[PDB]
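One chain comes next, on its own, written out as structure tokens in the form solved without the partner chain.
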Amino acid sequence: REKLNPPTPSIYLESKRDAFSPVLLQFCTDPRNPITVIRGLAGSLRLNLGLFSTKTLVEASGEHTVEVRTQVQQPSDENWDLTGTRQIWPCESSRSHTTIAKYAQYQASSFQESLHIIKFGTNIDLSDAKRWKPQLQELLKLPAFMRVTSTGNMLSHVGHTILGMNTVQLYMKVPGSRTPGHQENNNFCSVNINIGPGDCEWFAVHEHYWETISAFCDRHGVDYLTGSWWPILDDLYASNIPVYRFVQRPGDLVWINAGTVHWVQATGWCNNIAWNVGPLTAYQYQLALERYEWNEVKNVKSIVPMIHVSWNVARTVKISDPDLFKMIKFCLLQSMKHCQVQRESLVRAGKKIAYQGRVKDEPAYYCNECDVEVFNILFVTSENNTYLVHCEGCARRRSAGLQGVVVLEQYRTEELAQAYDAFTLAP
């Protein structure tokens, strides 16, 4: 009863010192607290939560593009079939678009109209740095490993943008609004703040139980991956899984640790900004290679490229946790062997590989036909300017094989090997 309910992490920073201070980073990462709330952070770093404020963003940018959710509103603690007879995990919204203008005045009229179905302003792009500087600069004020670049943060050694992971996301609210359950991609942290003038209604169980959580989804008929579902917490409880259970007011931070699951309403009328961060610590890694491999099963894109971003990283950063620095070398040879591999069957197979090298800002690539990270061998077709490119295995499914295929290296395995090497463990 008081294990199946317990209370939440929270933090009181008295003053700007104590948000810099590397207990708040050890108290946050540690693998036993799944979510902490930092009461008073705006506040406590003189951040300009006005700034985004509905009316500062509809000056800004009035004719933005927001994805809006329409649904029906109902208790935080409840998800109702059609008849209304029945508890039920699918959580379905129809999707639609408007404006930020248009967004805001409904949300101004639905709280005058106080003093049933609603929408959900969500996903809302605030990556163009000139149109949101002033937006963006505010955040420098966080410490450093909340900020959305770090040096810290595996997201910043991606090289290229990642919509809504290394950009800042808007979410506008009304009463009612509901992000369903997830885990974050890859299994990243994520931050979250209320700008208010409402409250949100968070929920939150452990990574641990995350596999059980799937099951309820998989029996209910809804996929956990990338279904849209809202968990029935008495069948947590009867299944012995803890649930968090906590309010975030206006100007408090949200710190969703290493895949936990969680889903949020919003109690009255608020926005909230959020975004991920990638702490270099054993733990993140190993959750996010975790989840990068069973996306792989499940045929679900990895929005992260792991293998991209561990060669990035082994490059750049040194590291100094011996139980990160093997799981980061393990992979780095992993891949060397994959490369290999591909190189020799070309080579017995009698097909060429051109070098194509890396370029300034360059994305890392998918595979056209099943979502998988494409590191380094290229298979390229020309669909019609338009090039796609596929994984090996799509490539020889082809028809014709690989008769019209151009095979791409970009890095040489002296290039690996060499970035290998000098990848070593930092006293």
Contents of the next structure:
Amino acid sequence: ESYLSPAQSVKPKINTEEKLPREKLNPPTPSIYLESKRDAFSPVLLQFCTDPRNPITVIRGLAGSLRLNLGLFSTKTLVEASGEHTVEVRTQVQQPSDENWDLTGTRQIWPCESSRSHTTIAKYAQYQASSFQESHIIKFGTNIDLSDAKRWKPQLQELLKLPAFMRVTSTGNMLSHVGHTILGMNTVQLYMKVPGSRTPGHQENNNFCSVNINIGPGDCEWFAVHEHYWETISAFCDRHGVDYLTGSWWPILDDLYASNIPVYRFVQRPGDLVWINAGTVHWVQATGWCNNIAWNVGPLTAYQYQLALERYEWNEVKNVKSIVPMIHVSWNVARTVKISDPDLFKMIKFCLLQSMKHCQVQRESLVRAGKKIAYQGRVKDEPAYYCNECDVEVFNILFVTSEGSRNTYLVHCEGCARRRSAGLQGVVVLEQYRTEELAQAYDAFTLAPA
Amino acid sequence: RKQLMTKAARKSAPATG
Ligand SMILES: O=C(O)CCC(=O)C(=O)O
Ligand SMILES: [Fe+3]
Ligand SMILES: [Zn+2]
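Alongside the form solved without the partner chain that was just displayed, please also present the structure of the form solved in complex with the partner chain.
Let us now look at the entire complex, which starts with that chain.
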């Protein structure tokens, strides 16, 4: 029933039993300089950044290299262009990047206070500029959506200059094959910061790679740990009563060191692009006044695919929504992209065969019971569907119900639909791919020539 | 066709309050 085959893993083998000397616990961060557009667009840079032994990479002065006008993301330019659209804020205690104090101010702790409120771009800008003039608690404007193509056209046009594997949208990007918007992953988000502004510890949604560019005049400090160590970090989180996947925590650095976990630490200056590889655990704090922009990409490597599917199934264990619908994505990739890496091919094809199976079984049981199944085929720009009750992805065979209005329907998985009416009375059952549609797509998906 | 409803998916930092 798993969409993964353990025999196919490509994770690098790492000991952790081998005790590491001090210098291996503070490894250096790969720091690259690009002399030319030619160097930026080489497949060699793609290979370097996605290498599974390379959790995080900083590409120094990339902005200058490709003639990106980062001034289009200054607080001034952004205010001039903004509407009054509401944006979200986090309120936090201002403290040094390697500290997180308890309420007493006498010890370090893992949980990190970061509360939500709302403002506008223009009103956060006044706070940011007034902080800079000096005229302890701070506010961080976070996850500001630059998704409106018309309003943000000049900003977004500048990002088309990036290498393709870094771009928001690309045929080699798994997130460009969702067919719907996932704000902040396949659209750009903006981060407006004062010193002390923190993004606390996480892996990306569904372990996807991340791209982050520092605009504003100040620096950010980054901390990162290889995917290999995430279960140990997750256990400190349990120990200290804060949820790993959805909570707000800041590691105690000496805990990780005591645990034999190497920690990358480095500074991202204005114009530096940070590439976060698949599954890397990281946290970030502004040192000065700055803005950052970031989004996710899903490059076509077997390591990315594996880690996204593993986290998809772990989310399901933990009752957490995967905001990347990996089944839908997997079929779409197979339909439109040639795959020449044998490892990645094997995994996608295994996934599709489990999905084709699951569908066949449950179609069989519905016809056995006389349940009408109607075809509602896919149409351009249609989203992928999730169950209203348990938030699992629901691919192809949909269990829908009506009357809010009599013309809109909610989607459920089979399990949740049967809990609500074990005979499925009042449940309309749809299928978006005929059985032979899936059979033919699967047969059409063959390893391309390298 | 039937209009099938979806929750919008959005990255958002964690929040404690
Ligand atoms: O700029 C930030 O605060 C970091 C956002 C982040 O974690 C990322 O870019 O992956
Ligand atoms: Fe991140
Ligand atoms: Zn469900």
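Residue numbers count along the first chain shown, from 1. Rigid core (definition): largest C-alpha set, two forms, superposition within 1.5 Å.
Q: Considering only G50, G43, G401, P363, which residue exhibits a C-alpha shift of no less than 2 Å between these two forms, with the rigid core used for superposition?
A: The answer here is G401.
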